[PDB]
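One structure follows; several queries about it will come next.
As you look at this complex, bear in mind that one protein chain is not there, while each of the others sits in place.
Chain IDs A, B and C follow the sequence of writing; residue 1 opens each chain.
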Amino acid sequence: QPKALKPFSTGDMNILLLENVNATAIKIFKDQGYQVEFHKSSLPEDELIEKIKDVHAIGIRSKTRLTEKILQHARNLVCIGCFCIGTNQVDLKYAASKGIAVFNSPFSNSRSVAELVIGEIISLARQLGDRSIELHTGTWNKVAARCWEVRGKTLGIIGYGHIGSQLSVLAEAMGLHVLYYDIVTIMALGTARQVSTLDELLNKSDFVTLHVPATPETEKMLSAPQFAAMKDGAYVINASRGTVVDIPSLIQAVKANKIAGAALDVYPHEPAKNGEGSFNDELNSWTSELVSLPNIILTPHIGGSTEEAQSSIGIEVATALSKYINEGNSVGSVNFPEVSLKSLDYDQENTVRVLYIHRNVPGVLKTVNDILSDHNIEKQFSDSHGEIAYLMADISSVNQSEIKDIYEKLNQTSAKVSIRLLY
Amino acid sequence: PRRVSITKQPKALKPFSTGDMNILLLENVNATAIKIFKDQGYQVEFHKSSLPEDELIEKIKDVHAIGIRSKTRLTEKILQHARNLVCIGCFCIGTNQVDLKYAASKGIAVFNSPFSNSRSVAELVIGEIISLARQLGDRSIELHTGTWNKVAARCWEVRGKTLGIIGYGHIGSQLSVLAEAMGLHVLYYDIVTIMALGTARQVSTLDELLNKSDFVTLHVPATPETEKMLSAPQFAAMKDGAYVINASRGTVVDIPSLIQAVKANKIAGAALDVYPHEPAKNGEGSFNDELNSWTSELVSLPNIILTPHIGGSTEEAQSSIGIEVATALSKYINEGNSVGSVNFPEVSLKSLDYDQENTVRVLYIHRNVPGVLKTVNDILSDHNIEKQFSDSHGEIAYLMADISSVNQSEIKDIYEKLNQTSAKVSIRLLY
Amino acid sequence: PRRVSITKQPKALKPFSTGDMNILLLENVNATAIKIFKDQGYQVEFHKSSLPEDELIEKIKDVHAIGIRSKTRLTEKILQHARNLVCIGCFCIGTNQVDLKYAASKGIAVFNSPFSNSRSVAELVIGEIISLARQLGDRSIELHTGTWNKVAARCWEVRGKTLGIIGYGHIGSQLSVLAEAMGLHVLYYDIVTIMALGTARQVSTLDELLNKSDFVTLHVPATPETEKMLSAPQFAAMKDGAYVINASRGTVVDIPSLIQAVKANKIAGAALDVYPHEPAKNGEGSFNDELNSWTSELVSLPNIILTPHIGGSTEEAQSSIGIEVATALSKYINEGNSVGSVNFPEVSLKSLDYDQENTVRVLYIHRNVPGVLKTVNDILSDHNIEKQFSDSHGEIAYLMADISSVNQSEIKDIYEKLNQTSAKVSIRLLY
Partner (left out) sequence: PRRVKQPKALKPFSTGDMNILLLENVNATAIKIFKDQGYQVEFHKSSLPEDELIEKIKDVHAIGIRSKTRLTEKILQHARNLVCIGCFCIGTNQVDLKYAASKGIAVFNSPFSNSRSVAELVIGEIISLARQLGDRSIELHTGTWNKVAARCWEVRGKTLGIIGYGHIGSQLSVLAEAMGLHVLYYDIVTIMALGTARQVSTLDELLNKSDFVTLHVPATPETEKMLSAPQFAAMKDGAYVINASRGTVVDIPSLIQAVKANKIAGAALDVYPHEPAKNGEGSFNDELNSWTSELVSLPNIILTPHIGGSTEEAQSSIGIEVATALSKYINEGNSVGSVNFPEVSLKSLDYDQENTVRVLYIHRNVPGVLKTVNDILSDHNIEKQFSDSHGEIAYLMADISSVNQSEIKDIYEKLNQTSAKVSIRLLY
């Protein structure tokens, strides 16, 4: 059985959710007794600074920029939830220096990207995109030439991680052979086979799919030589990062009848907001040329744009913020020492949890364990991350009177960054 | 279990009183058929399109087997001139383009490929389940015209959703296995009880399927009972925001009712491969209100996938069609095998051992009237009948017999005696 | 997938000029056979043992079908007295106890159950693979005599080991899927190329299987090439501490060599179900040096499992035999269907629709000489032959014909004429 913990003082917890986090997060926060403010869009800096001064936790996504300019006004902010993969929109170092833990959902889009690729393998192999554009404009063009059953073909997976490995099992289920290249040796799932070099994957694959991070080594890793290494009439699918494919080379290989089709979800330059005129030659010089090619599927970075994906994002990040607020748990934080302890058995009464964010300088634990020396330390865990560190301690026989004293002593320590007490 | 049969070599048979076999293939049959036909020693004439009635009438008088597809119409008008035509291959599903009854009355067996498109249609629906669930068609049309529209609202991971398969036959049962592999629950309705594949579950009524499914797929034949079988009432029984896929027959969905359910936000997306009226040839401007009154309206709707009846348009499907029907025609010509014919008694016999020399196979198509076997087994009475099989299909019947100890002299005599019988429709001897 | 076959119900047929059918079942065939026969309206006489030659000759004179197993000897001596015997069922694999040639010359079709024991032998081997791997036989023998001997040395988890299957037939292929399911690697040697089940791999030579296998199991027929195919040379090619299982034939393993390889600690354990010489009846002292010289030495060895040829000794196996052979005889009695007969031309026709009234099925077993079908189709010439099939097997042949519009009066004439023909061996009409 578990022991629910409360925060000494503070009053009700205030959550600010921006950019339309999924309702699963809203339900979780409300079920904690938190007060939730929800917005479907981001906020202008003025409205955001005003709303953030008294907020305890903020949930954002890709567009909201939490810089020092806005975080300096965050008086009560305990943690930040990024309900997405990227954390670049948050000044992680500054947030850490003020004891604000930041969380994300890194792998919540794996299934959605994998299902996307399965659909696009089939669409490219059958030219569904072109056929449907044709009928929507009156053209009847029944084509069986060079249209393929996906059964029996070979899928080349570049990057056999979270997405690649799930795509592997789906591809075999559809009857594909799976070859994968990766810069590390990975145990294959099902009947997939890893190949030593990229060129072997390119030579032997009918479908080439990219699921790699953005690194200097992945920058334009598929260009003219790599397209030349592929099979005549093979297919390229890129739902990874916009830098991984050299688009001019792809346009050339397609225009030269070397590549039979392509599906692009990511681009070197992408619009900051949705709009009618946003995808054009000013954004990417080759756009008007890319748009003129047959059997290219273009998607506005929708690799993770599903209800389920956002629902999983909601649960992971809301649960994470909930465990950090209610317990202290920082595991999985992107800028913060990863610290946690087993929850309390409910019957362990008069037990208090000390959450002490401080500077990573000698003597701090000396000070803190002195302050706590009149009580039995049941459990203690302290870890450091750069110039900050984080201490969790469970103390045994503490009554209401001595919580104020233990708290006020810790709040007066020289190395303190942030202190919370949990009942 | 599958093993290389290490028994006695078969005795390849050659037709009596004939020259080289002439095959006419129309409408761009796949190369797998041409290879099989040439490997039989046949003489193959190949055309990418059909033939006009005049040019076809002259060409068919000396043809032994004709290969067609959907467009070539082999009516009594043109078949009257087929003096040497042994069999007709339809390298497609439909046989309506052939006068099957007349072809039978002249002893011409017809073969088709009914189920060669199963895999291609099944994968088609999988891609379309995903495309509709993710709105791929709309997103991609948007980018080709400059519009950037990242949307996650009511775009779905397909895992955990329910596929409603209406018609659990060759395509449906194969779609079932693919669907579960993609993580869907599969429900199927059919007018017959069928053993489910994997963990699919058959439902008693159509409405139960419609109420419980997220994706509804049609894989039914064209019958009076399937005519517009999904219409306004059935869309009302479906889930809010459900998806309709029809890659079966163009009459099975009432399109005006579908358009209405889409405009009323009841149906979230639809994928149509077949239509009440379809063009006869590819071309621009072919798909419009003159073909189907509601086209301009259907085209204006969001998240609708429209395909020009490409459910079986794959290299593999056409390759299997080529192999299936060419093998069928070849075995009927070279052996006598009529199993799988659409207009003809289904008759065959085990091949003869290489060492069964001087054995001849009689292929005797005749009228289904008493006394014929009396005549035939009389004519054959000086030889031992090794095997014999005769079966009837309406007014015609077909006799295969293997008779032993036959020399060249006795082949001409047996042939003309059988060729002189009153009940004869067509006679071939295989030596 | 399996479907509710929607066709017209069949027209159950009853023999002309005969009364109730008399079935004689000997040697304790399973009750599933008795049930099927009684449900046909047949009269069933059942015995737990065979019959002495005197009682058998008298009882067989008026019996229509006889069911036997291994011990009943149906020779010419006793079959010459069988006036009404239409068919013989062997509810086992072996048919040597039946004079197949003589029975055929008198028009008596024989059926058996060749493969009904496949599942039982496969499960037997799985259980023995584990028992040999864990020395279960010994451990349990040990405690039954007071000895406590917990041993992990050289006892193995079966997961990860390699099973060598010699003979990848009915039993072997079923053993393959069970073995992989138990986590085994499967290699198989066979004199034929066979497509492997699951992820099994066929090896080119027997020695490759022997070198690479942890468990070697034999599932081969008895042939000159299989006699003693595992002896000292083959044991020398196996792995140190490998295992031999023989549930095939008593000739395939050289037991003195196996005893030699075990005593040299080369073979770690063995499971034997079959032996060069086996007792005729169950009893103590029956398995000894007089039966096989090496018995007393074989029993002295550790971790050898010995079973009294119980490979097919399950309720299910005997039940499947009951279903198989009783169904086979029933279809041959009720419909003429001789497919699967071991001594007889294999002949059958699609059954007739309930409504096809006045349709008669002619069953004509005869001598394989020219002119017979001339005669028969003469006799039937006043009626339309709907279907006819005749095949030959050595000196006999078998004619099935369905003839249309036949009344009670003209059935007796057709029968008496056919009964008078010179080539007749046996004639039955089904009405």
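Convention: a residue touches a chain if its C-beta (ideal position, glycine included) is under 8 Å from a C-beta of that chain, and two chains touch if they have at least 3 such contacts.
Checked against the full complex, the candidates C:136, C:323 or C:342 give a single residue touching the omitted chain, namely C:136. Shown as candidates are A:23, A:214, A:228 or A:361; the residue that touches the absent chain is A:361. Hidden from this view is one chain, which touches subunit C at 119-120, 123-124, 126-128, 130-131, 133-134, 136-137, 139-144, 146-160, 178, 181-182, 278-279, 282-288, 295, 299, 305-310, 312-318. Taking the complete complex into account, residues 160, 165, 184-189, 360-366, 368-370, 372-384 of subunit A touch the chain not shown.
The rule is short, and it goes like this: only the chains that are shown with their structure count from here on.
The touch graph of the protein chains shown is a line.
With centres set at the average Cα position, the gap from subunit A to subunit C is 64 Å. Centroids built from CA atoms put subunit B at 49 Å from subunit A.
None of the residues of subunit C touches two or more other chains.
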